[PDB]
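Full structure from sequences and hints, please.
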Amino acid sequence: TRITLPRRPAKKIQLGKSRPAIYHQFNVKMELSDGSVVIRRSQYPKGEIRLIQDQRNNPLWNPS
Amino acid sequence: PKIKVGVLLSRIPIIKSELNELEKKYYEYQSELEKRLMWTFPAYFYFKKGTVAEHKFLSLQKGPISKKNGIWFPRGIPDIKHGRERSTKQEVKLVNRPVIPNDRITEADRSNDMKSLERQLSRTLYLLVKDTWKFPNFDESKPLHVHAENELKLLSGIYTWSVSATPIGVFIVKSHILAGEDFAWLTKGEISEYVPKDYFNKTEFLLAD
Amino acid sequence: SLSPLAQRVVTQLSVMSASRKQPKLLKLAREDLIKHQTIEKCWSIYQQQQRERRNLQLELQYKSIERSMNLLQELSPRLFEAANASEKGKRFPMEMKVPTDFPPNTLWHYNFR
Amino acid sequence: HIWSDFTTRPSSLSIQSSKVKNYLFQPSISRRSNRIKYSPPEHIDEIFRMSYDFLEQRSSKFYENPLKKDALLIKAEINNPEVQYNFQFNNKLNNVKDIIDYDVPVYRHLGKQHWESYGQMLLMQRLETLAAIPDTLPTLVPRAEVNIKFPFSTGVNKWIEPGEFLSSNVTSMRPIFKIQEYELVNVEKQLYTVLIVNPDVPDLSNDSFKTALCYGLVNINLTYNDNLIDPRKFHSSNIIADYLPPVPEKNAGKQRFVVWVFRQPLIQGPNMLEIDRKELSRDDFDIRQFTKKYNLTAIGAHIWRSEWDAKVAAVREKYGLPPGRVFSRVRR
Amino acid sequence: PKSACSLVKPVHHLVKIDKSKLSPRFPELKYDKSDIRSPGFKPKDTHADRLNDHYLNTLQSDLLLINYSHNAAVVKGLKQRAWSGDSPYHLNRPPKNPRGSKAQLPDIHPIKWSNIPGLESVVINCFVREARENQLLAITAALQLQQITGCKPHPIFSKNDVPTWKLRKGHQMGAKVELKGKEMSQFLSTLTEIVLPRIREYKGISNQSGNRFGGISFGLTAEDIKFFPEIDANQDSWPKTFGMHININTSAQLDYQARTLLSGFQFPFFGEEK
Amino acid sequence: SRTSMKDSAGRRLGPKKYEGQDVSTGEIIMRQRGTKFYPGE
RNA sequence: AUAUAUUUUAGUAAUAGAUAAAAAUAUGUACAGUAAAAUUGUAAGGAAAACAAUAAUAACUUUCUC
Ligand SMILES: [Mg+2]
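Chains as they are written, first to last, in the entry's author numbering: chain V, 20 to 83; chain 6, 23 to 116, 136 to 172, 176 to 183, 187 to 204, 207 to 219, 230 to 239, 252 to 280; chain 2, 34 to 146; chain 1, 20 to 45, 53 to 90, 97 to 299, 303 to 367; chain E, 19 to 292; chain R, 35 to 75.
All clues given are correct.
Cross-link-like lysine-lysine pairs, in silico, DSS-like; alpha carbons within 25 Å at most:
| hint | chain 1 | residue 1 | chain 2 | residue 2 |
| --- | --- | --- | --- | --- |
| 1 | 2 | 57 | V | 30 |
| 2 | V | 65 | 6 | 111 |
| 3 | E | 51 | 6 | 57 |
| 4 | 6 | 57 | V | 36 |
| 5 | E | 62 | 2 | 60 |
| 6 | E | 20 | R | 50 |
| 7 | E | 198 | E | 170 |
| 8 | E | 170 | V | 48 |
| 9 | 2 | 130 | E | 198 |
| 10 | E | 62 | V | 36 |
| 11 | E | 39 | E | 60 |
| 12 | E | 34 | 1 | 144 |
| 13 | V | 36 | 6 | 103 |
| 14 | E | 48 | 1 | 144 |
| 15 | 6 | 57 | E | 170 |
| 16 | 6 | 273 | 2 | 96 |
Some residues of chain 2 that are not near chain E, with every Cβ distance over 12 Å (derived):
| hint | residue |
| --- | --- |
| 17 | 34 |
| 18 | 108 |
| 19 | 145 |
Note that these hints are calculated values from the structure, not bench results.
Beta carbons are placed, not taken as given, at the ideal position from N, Cα and C, and that holds for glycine.
Structure representation (structure tokens):
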């Protein structure tokens with residue numbers, strides 16, 4: 020009943036030849052509720068994302 | 023001695039600070055390095071192998087020059103794997138609306154308003170008052192910080210927050236603004264010109280960058 | 034061989050693995066390498082300087098605070114006591130946001146409450 | 020722009036190859059195809075220039097008693113790319129004056145650092161494992177490298193790795209030392225001594241061993257760049273015990289030959308010392324005692340070890356020694 | 019093998035000896051992990067960490083100010099107690115475990131310029147429990163984690179056995195990721211600007227959630243994970259999502275300080291009274 | 035097993051050669067379970 | 001833009017660290033490191049799944065700085 024992916028013989032990573040994980044990322048533009056844009060490095064392929072529900076419109080983060 | 027309750031009301035910067043040139047260059051270099059060393063973009067996961075979006079994505083991209091037996095490749099033979107030349111850096115092109142950022146220079150445009158908060162956005166500002177001229181001095188039943196807060200609240204009608214009851218310096232309180252003889256706002260460098268040297272020396276370490 | 038779900042899982046796994054995705058490690062000419070090293074050193078030095086600056090500033094501030102406390106206790110004892118009152122539950126404004134990359138539509142708020 | 024100037028600053032602080040310098044300032055990989063293939067990282071130029079400017083400024087700022101001054105100089109220089117290039121990518125052993133001057137303090141410092149990184153450690157390990165130190169001379173604190181060579185016999189060229197086995201052929205004639213000093217010491221007035229001792233020759237009376245002094249030089253003058261102790265330099269007045277080769281007796285273990293280097297005690304000119312060349316017993320020899328007598332401070336050491344072989348008899352004959360004893364194979 | 023008897027022979031020098039350097043076996047390993055020559059190289063300061071900048075400029079000074087009590091000296095916590103020498107049996111006896119607890123506790127140092135509270139590290143552990151049955155779930159969880167963060171997670175295996183729940187040792191279940199430096203800052207920003215706000219009924223972190231030596235923790239349900247950018251952009255791709263715990267380690271000596279620090283970074287602690 | 039009645043013999047371990055005593059290469063000096071004594075010079 | 005030929009990729013599968021108390025290798029050597037409990041916490045999660053945190057820096061070296 021245990022559903023698994025039965026492993027292959029893994030690859031031997033020699034000592035000294037281990038290369039660190041540098042995942043492919045993009046410099047994404049994040050637009051908040053208001054006009055404030057903020058840059059973040061993200062792994063998903065998209066240049067721009069505007070947001071509807073954010074901290075800037077939520078009453079908990081701002082009593083104005 | 024008489025107890026004069028100082029206040030250095032500060033405006034906290036609202037955007038990431040403007041970099042140095044050298045720093046910027048370094049950052050660019052680092053980015054380039056990262057790009058060179060980055061893994062391949064695994065398009066096969068994000069985009070499906072018979073989708074319209076996927077097709078569109080493909081259309082933007084240009085492939086790598088593969089190898090064919092009989093030709094000279096004087097820049098090394100193309101070591102291509104998973105749709106990328108391993109040799110070199112690899113890049114990827116990309136209501137619905139293009140996100141255009143707001144300009145980081147309204148103060149510059151103004152070129153005048155020293156009594157304005159929307160001035161140097163990426164710099165820490167400090168309130169300063171005229172009489176030499178200096179920080180809002182205010183002259187014993189109440190706690191000190193609270194008293195200071197009360198005193199300045201009356202002059203406008207603004208919204209501040211005291212960081213703590215603990216004072217600094219000669230008794231000066233710190234506080235942070237959140238709402239809107253001279254009401255003057257300045258950066259840490261600008262203040263040096265607008266004030267006596269001795270005074271500056273006394274309170275130089277307070278005024279942050 | 035494998036169910037569609039299994040295939041999907043495999044794909045997901047791959048997305049994380051370094052299998053076939055990682056490029057060849059960058060080599061460098063000796064001179065280039067040297068240059069890089071120099072740059073790195075410079076950067077490190079700069080960072081250290083910055084740290085010192087900030088640290089120094091902090092120290093100065095602390096000293097100032099101490100001085101104030103000393104003065105205050107001598108002068109107005111009640112006031113000093115009040116100042117001391119421990120801020121065990123103090124909590125930052127919340128309206129006092131974190132600096133963004135680019136500024137908002139309304140570059141500051143005037144009215145409140 | 021202090022690193023561009025070369026008035027007071029020695030000429031060694033620059034890269035002597037012009038092309039390389041040019042490349043650095045705005053390559054070396056010889057082959058044309060390879061060069062074509064090569065692709066450097068982006069934005070290296072401007073950033074590099076900026077870095078250089080920064081470091082140059084720092085150096086200038088730094089620039090202004098002797099040891100302190102030397103230290104300051106070293107601090108000022110180290111970050112110079114040119115100097116780094118010179119040190120890293122040119123040979124430190126058989127040094128070449130203009131490329132790397134050990135007269136120059138920065139280079140010396142770098143050399144010391146390099147030594148600390150590996151060779152020194154290796155030497156220490158060899159000393160400890162083979163029981164060179166506690167057996168002959170209580171301890172040492174590295175100070176200076178000492179590389180030996182046996183050029184005359186055979187004719188080949190090789191720096192001996194510490195704790196090696198040398199054939200009797202190889203160690204038939206005397207060795208050459210290179211005592212690479214560091215640590216801002218005087219050069220005119222400072223003299224050195226060198227002693228090749230072997231502590232494990234069979235004492236039959238006690239049943240233990242006794243230590244023989246097989247080669248002894250005293251009052252040698254050294255220089256930071258010029259430190260090869262060849263028969264050119266020392267003269268016959270400086271030899272207290274002339275070279276005797278390793279001639280291990282059969283089944284007398286592996287005899288450890290451990291070369292010690294000491295610096296003289298310092299009092303106007305070069306201070307010498309007599310050492311009663313005749314009186315000093317070389318066949319059985321107390322190193323510690325000797326040191327105590329003349330107040331030496333052992334700076335550096337090296338070591339090798341010899342075993343019996345067919346060749347040793349011939350060597351003995353050549354040197355005009357006895358035929359050599361033979362011992363039972365059992366450690367009874 | 020004859021011996022079976024560990025006994026290091028003492029040396030006759032103060033030279034340290036890093037054996038690895040005398041061996042030529044792993045020539046790539048000889049260089050540092052940040053030296054360009056090493057295959058283990060990766061760039062560190064790719065860009066500027068905005069959150070860190072904020073902390074440095076604005077927050078650190080504030081923290082220094084607020085925490086400052088007047089002449090507060092160390093209130094060194096409960097330690098192992100030495101034995102009173104009123105009897106000969108005490109002589110070679112091990113000390114008494116701390117009056118309060120079994121474990122020994124650290125000294126609380128006063129908050130000066132040298133040791134201001136700061137963010138040290140953020141650990142995320144997503145122990146998908148349904149992975150006892152299906153092992154692919156674990157993989158999916160790990161992928162999700164990776165997507166969220168941008169740095170390789172590590173598998174979480176079931177360390178214990180228990181019959182009541184279907185749990186057996188040696189079973190991959192969930193993923194754990196250690197976030198540090200700029201990456202961690204980025205993650206925190208994402209949490210604060212986007213996720214925590216968007217979550218429907220969130221009243222903020224609980225004030226009782228203090229580790230007590232300046233560590234804070236909180237959960238996220240399986241629903242809230244959809245609100246992350248890397249998942250929200252493709253809901254088609256993520257059918258199952260897995261809840262997670264988030265632990266935040268700080269340079270704070272005490273929990274209250276840590277929570278104050280966190281508040282500076284826009285963390286609502288309206289969950290309770292301390 | 036109403037009665038027990040099983041046991042092994044004593045192992046005769048201990049010091050077999052005492053301070054001051056002249057050994058010869060090979061002579062056993064101490065027998066022991068574990069190292070209550072460690073090998074010296 | 002589109003057609004033909006020839007090749008190149010896609011078989012997507014983990015650890016990326018001399019890994020360090022989940023499983024799997026029980027004999028050699030070489031190099032390295034520390035366990036457990038208890039307590040305080042955290043989506044489902046509790047008596048009992050996972051993760052985090054929990055002893056002192058006197059002296060020393062290098063680096064940056066008044
Ligand atoms: Mg028995």
